[PDB]
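What follows is a single chain, given as structure tokens, in the form deposited without this ligand.
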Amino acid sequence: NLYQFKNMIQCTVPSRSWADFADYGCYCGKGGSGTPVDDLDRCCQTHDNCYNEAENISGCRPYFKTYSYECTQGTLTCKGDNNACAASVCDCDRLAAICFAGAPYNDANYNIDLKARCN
């Protein structure tokens, strides 16, 4: 669920307030369209697409599904007790959190005008 994803980000990118990733570029947060503005945005684009795929699973709601995971000693793990939905969503989140940690953060891309720039 979003709460867990937030924690994944706090654990892979402790150096940033998690909210820095909640409204960035065309895909990080609300946004879900247009040309990804940079690498970080590209991280979010695959994350968004990943969620759209997971939603194909019956009763699978990525923002809400509580999965089983651990963040310990610099490592994020999706646990084996996860059902298909939980496993899928957890993986989307895990991969995005890791992707975020390796992407440059450009303040200029925070809170951009979606209507104008993400067509």
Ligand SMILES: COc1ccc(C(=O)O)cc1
Given for the second form:
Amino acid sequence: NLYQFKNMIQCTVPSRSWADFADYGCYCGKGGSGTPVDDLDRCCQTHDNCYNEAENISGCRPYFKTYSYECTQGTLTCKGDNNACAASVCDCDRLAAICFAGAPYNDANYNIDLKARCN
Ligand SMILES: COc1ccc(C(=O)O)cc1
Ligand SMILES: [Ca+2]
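Having displayed the form deposited without this ligand, please output the structure of the form deposited with this ligand bound.
The complete assembly is shown below, putting the previous chain first.
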């Protein structure tokens, strides 16, 4: 669920406030359309598409599904107890949190005008 994703982010990018990723580029946050503006926004585009794919699983609600995971000693793990929905959603979130850690953060690309820039 979103709260768990935030915690993944807080654990893999402890240098930034997590809210730095909640409104970035065309794809990080409420947004989901347009050309991704940079490598970090590409991470979010793949995460958004991963959620749309997980939605196809019956009863699977990526913002709300509580999965089982651990963040310890620099590593994220999706646990074995997870059903198919939980395992997909946890995987979407783990891979995005890892991608976030590896991508440049461009202040300019924070809180961009989606209507105008993401058609
Ligand atoms: C916790 O930060 C985020 C990041 C991306 C999204 C999303 O693109 O759905 C939601 C919350
Ligand atoms: Ca999005």
